[PDB]
Amino acid sequence: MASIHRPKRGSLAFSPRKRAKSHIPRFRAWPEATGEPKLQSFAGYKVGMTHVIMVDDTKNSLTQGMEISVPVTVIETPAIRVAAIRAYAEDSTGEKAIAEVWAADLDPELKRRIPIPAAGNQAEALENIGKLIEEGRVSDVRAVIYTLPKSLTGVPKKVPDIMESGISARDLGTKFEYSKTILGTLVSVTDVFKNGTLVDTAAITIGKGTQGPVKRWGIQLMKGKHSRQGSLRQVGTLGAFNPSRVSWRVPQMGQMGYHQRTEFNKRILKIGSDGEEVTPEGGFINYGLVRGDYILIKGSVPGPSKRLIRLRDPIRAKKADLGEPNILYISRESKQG
Amino acid sequence: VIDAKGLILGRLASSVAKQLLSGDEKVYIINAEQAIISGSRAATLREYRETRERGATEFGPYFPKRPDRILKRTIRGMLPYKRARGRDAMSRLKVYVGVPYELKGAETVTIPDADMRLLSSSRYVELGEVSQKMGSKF
RNA sequence: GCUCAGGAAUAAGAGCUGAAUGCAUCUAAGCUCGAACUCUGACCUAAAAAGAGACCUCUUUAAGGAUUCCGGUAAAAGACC
RNA sequence: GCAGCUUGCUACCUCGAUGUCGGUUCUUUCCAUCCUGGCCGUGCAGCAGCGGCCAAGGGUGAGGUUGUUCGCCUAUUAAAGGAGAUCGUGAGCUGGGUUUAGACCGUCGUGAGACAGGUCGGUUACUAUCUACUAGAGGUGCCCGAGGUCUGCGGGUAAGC
RNA sequence: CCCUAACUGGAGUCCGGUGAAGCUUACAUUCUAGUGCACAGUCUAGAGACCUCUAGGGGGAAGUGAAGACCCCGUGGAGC
RNA sequence: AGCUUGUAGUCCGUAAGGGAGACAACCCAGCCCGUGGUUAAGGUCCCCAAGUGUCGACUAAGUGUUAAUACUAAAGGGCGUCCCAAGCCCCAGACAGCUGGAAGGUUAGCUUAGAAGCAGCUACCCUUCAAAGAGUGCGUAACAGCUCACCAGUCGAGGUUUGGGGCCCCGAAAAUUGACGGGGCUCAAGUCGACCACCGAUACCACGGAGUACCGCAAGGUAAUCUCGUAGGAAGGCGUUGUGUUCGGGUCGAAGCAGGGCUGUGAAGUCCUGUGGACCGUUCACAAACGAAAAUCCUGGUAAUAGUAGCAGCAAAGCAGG
RNA sequence: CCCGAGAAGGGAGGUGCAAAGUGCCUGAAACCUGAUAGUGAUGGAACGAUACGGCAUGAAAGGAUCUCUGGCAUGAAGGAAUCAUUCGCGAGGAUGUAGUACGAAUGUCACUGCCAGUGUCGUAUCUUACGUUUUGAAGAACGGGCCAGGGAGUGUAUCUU
Ligand SMILES: [Mg+2]
Ligand SMILES: [Mg+2]
Ligand SMILES: [Mg+2]
Ligand SMILES: [Mg+2]
Ligand SMILES: [Mg+2]
Ligand SMILES: [Mg+2]
Ligand SMILES: [Mg+2]
Ligand SMILES: [Mg+2]
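The listed protein sequences correspond, in order, to chains A and B. The opening position of the first sequence corresponds to residue 1 in our numbering, with each subsequent residue numbered one higher. The opening position of the second sequence corresponds to residue 338 in our numbering, with each subsequent residue numbered one higher.
Simulated from the structure, these hints should not be mistaken for laboratory data. Beta carbons: idealized from backbone N, C-alpha and C, even for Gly. Hints should not be assumed to be uniformly reliable.
Claimed, not checked - If you anchor each label on the Cβ, the simulated ranges turn out as follows: (1) A:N242 x B:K474: 35 to 45 Å; (2) A:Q252 x B:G360: 42 to 52 Å; (3) B:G435 x A:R28: 17 to 27 Å; (4) B:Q371 x A:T58: 47 to 57 Å; (5) B:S428 x A:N265: 27 to 37 Å; (6) B:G435 x A:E124: 27 to 37 Å; (7) B:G435 x A:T185: 35 to 45 Å; (8) A:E124 x B:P417: 32 to 42 Å; (9) B:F475 x A:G218: 36 to 46 Å; (10) A:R17 x B:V338: 44 to 54 Å; (11) A:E124 x B:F475: 33 to 43 Å.
What the hints assert, rightly or not - Derived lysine to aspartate or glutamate pairs resembling EDC-like cross-links, with alpha carbons at most 20 Å apart: (12) B:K474 x A:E95; (13) A:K194 x A:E263; (14) B:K409 x B:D361; (15) B:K441 x A:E135.
Take these sequences, add in the hints, and give me the full structure.
Have a look at this one:
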C-alpha cells in the first residue's frame, strides 16, 4: 500500500500528561558555579504583559541599531528570606540529607504553612555541620527560602511558599561560609541577577481541564463527506488487529494543562523598584496595580497571572555577555479596550 | 557474608541459591561490582544490550541497570520465586555495591569453586564495566 | 516567545606496537582515533522502590485533619489553591 | 541458495456466517538505504558522476486521467525508498468497483435463458458484560502521631531534523 | 478544502422520582514465544501484576443479532 | 509439499502410568486394591530427586548446550587450529634476512625519430668467471643505469610440496519484545572416546485382600502361561408404581422434606436429629403409561446485565400571592 | 388497649391439640436478606484427587485391647554403617565384619483420652470441563444462564430360532 508519511502527532517526551503534584515548580538540575558565592535561584509572581521600544543591540542581528517593539512580561519580586541550611552526603545511592539548621528569627505568618520551629541549637548545630565538612563527609550545601506574599495586593494568599535553592561557589568551605553569612536575612532580586542577563523560568501552565484528542494532541478532524457521518472530532483508529491492544502512544482524551514546563534563554531587560512605571491606566485586568519592585522579562512566560515563577541562571546558554538594554518607551496604555 | 571479589557470576549465584533454599539465616554479598563474567568483550556487551532493550513499557521485561540489581536478578532466576519457598528465600538475600557501613569489617567467606584463577585464558569482563556501559552511576 | 552542546564507549574503516613465519605484517594478545547510531548531559514523571527511603520541626486526650461559611490561578463527580 | 512481499500446487481449520477491492484516519515493525551521517576503489584534475561497505535517528510532499492497486504525466524538492501488521484498520468512516432482484446494446440458443463483454439504477444493525489503554479519585500495606523539604529504584523522549 | 476557531438550543456529565431488554458451561488482573484440528486470558517456559470506584473512545474476546444467500451433495421440491 | 495413491510390521482409533518444556500414534511399559523393596527409559550446577564425578584430547565461535522428528541451511573457500602418511633440501650449513653481483655485449630484429629486454621474428647476447642476462619492475620516445631471472660470502637449525581427516570461521538479510524449557555456562554446566556411583514407574520381587476361568459330591484345588478397552455380544443384580399371596408397623406419631452416622465395589439400603399430622411396608411370584444432565427440548419460577437505557430532536413554559 | 392521616399496617393480648390467619394441608431448589466458621486488599485460573499441617466442630445414630506413646517375641522380599586385607592411573571395586544390625506385618505387656467424621485455609505431586460430529476436541466446531417437573424400542398379523 502506497502510504503517505506524516510526522507523529504531539510529543511523547512529556508523558504521562497528568496534573502536577504541587503548585510550586521544582528544579531537577542546578548549574555549575563559575564565580563568587551567591544563590542560584529566585521566586516571584506573574502579573501581565506589556511592550517596550528598545534600541536593538543583538550582535549580528539584521535589525541592529534601529528601534524595535518587544513583548515583555512583568514579574513582581518581593524580597525573600533565607530560613535554613541543609547539608547533603554522597554515597553509592546518591545524595542524602544529613543535617539542617534553621534561623532564629522568622515571620509569624509562616505558621500557616508549618508550625514555627523553636530556637534551640543555632551555634552548636552550625559547628556540627562545620565538623562534618571538616571530616570530609558533606559534599554540597543548599539553602531553604520562602516568599512573603503579604506585601502584594493582587495575590489573595497570605501563606508563604517554601522551596530549596543552590549556592554557587568553587569549594564546599566557601559555600558553608557564605551560607553562614547570609543565614536568616532578606535577599533582594538585584543580589541574584544582573540586568541584561539570561535566565530560565519554570511554572505550572494554565489548566484547561479534560480535553479531547483534537485539542490535546492536535490531530486532524474528519474531512469532506466524513464530516457529517457521526464522528468528527474522534480519533480514526485505536490500533491494528494485532497486537490486540491499544498502545499508550495513541492519542486519547484526558487532563490538559496545569503541568510543569521550563523555558530557556529569556533575557532580563530591566530591574525596577517603583511600580508606577509599569502600571497602566485602570491597572492590570483581574490583578490590580504593582506596589513593590518588579522585573521585565523578554518574551512570554509559562503560567497565568498570579502564578509563582521560579528563576535560575541559565543552564544551556550559548551567547557571551550581552549588556544593558536601552529602554526608550514602556507602554502604559489601558489593557482594556 | 560473601565477598564477590573475583568470582564467577553463575557459579556464585548457583551456590548461593542452593544454600538459601536449604534454609538458614540470611546471606550478604558485598563488592558485587567486580564479579567476573567469562567470555569475549564484544559478545558480552552485545548480549547485555539486547537483554536491556527488549520490553514493552506497560508490561515488558524491565531489566535493571545497577550492578547489585543485576546480580540479584541473576540469582532470582535459579529459584522458584513465584512459590512461597522461593519468595521466602528471596526475602533473605542482600547484595550491596561496595561495602555497607553495618557490614564493615565483618567476617567473610568465599566459594572456592567460582574463582577466576580456575580459568584457562584472560577472556573475561568485570560486572561494573557492563553496568557502566548500560548507563548506570554507581 | 523559546527550541544547544560538550563528554564516554563503539560500527565500517584508518593506524601504532608485534610474533607464529629471524624479515614483513592494523591482529594472534595489546593500544590510538573513528558516525544523524548507543550511553551520559538537558527535559517530563517517579517511596505501592515489599531492601516498601533520608532529614528536620511540632506534639502524643495534643499537634493537626475534616464538615459548615466567603471564593477561584483549579474544576465532569471527587480532588486542588 | 535466501525471502514469502506475484502467480501456481495441495485440501489441514472455518458453511447452526471469522462482513470482500481501493481510498481516508491513527499507531507500530523490518532493511534488502531514496535523502541526511561516516568510509573504500576509479579508466576520481575541480564541479558532478560510477561501484561497494557501516548505519533504520529524522525525512520521504502537492496535483491531472482512472474505482482502481499498479502505471503514465506536471511543477517543485535534500529525496519525493520498498515491504509487513487477518493482502493492519467497516461494534471507526466511505460505497467509486465487484456480487442479488429492473432495463438497454453486441454475441450465443429453436426457446426459457447465458456471457468469463459494455452501460444506467440499486437499505450499511447493536444501550459495552470481561480485558487493554487514556485520565481522575477512595482505601489498605510499609510507618510512634502530624506537617514540610528532598533523594531517586525505575519509566519516557526526536525535541529537534 | 489549506486549518480550523468562537458562539447558540437539545442530549451527555452531576442530583431527585420512575424503571426495562438482548450475548451468559465455569473461572477470569494480564503480556510475549512455543505447542496444539496448522489463528490460546485458562496448556509449556518466561515476564508482569496491591484492591475498589468514576469518566471516555472502541484495540481484542476469531464481540452479538441468524441452522449461509456464494460452491457442492440429496435416485428433495417448485415455476418456466 | 504436514501432497496423492500402494505394500510388510506395529500402533492411535479404544491405551492408563514413567520420560521427552508442552507432544493422539516417539522411548520404557500394556493396568484389580493396600503396604514394603529393587530397577527400566531417562537423568545427576540451580529451577528439580540424585555428581560443581574420574581418565585422554578438541572448540574461542555463547559455536554448542535439539535421539527420531512435517520443528535442524547449501555449493565454494580458510598461510584458523589439532592429527596421520608420503616425497624433496639439510648443521662439511637448508629457509627468511644482511650484502653486494647480475660487469663481457647489444644500442636484439624496430619502418615511423621512436617504441633498442618490456608493440612486432628470434634465440641461453660472451670463448668465460659464483654473477652476467635478450630481461620483470621504479624509470622506460628509445633507452640507460636502479637492475629481473639467476647463482655466490654471511649467519646456524630444521625448512618445504602434496594427499587424507576432527572442530570452528566466512558465505548467512524480516517484519509486536523472546526463547538451549529458563538462569547461566569457557582445562566447561559444550564436542569426541571410555568409565564409576547414585536417583528414578502401577514394570519385576515379597506379603495380605477381591473377582474371574476350569475341575471337584462337598470341603476345596490349579492359574509364569487370568484381571486395558470404543462399536458390539453375553451373565447376574438395584430402584419406581401396581396385582396374587405370607408376616407386620402407625396419633406413645405414617408418608414427604433438610442435615448427619453405619453398611455395600456400586446401583442403594437402614438408623439418628429437626419439621410434619395420616397412612406405609415385607416373603415368594407376576406385570408396566418403570429410572434423565444435554434434544437452538416443552411448561412454570427466577438471576446477572442494573438502579443501567428510556421518560430530549417534529409545538424549548412557566413564575408570584392566596 | 397503644402507634399511625387510616376500614392500611405494626405491637401487645387472645381462640384453637396445633396458626393451619382466609388462593389459609405439607412447603423443595433456583434467587434474595441477615448471622455464624474459615480466609482475605503482593496476588494466577476447569473450581478437584492423593499425603501432611493450622483453625472451627465432633450431643444421637460410629470405636474402648479403641486413640496416643513405648517395651518385648517372630519376622517375607530387601539388607547396611564401621573397621581390616587386597586390586585399580583414578572416581571406586572384591573378600571378611554379615545374610549380621534392621525390615511390611503378625502377637503380647504397660501407658494415654482421644480418634473416626465434617467445614475452610496452606504446603507437595498430578489434571487445559461435560455430551456430540470427527482420523484427530481445551478449541478460534456445535449445544446448554439457572432450578423444578414432563420427555424417546410400543400393539396386531405372519415367518424363523
Ligand atoms: Mg474493527
Ligand atoms: Mg445417489
Ligand atoms: Mg491398541
Ligand atoms: Mg502418556
Ligand atoms: Mg459397550
Ligand atoms: Mg431436568
Ligand atoms: Mg468414531
Ligand atoms: Mg423427571
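Numbers of unmet hints, in rising order: 5 and 8
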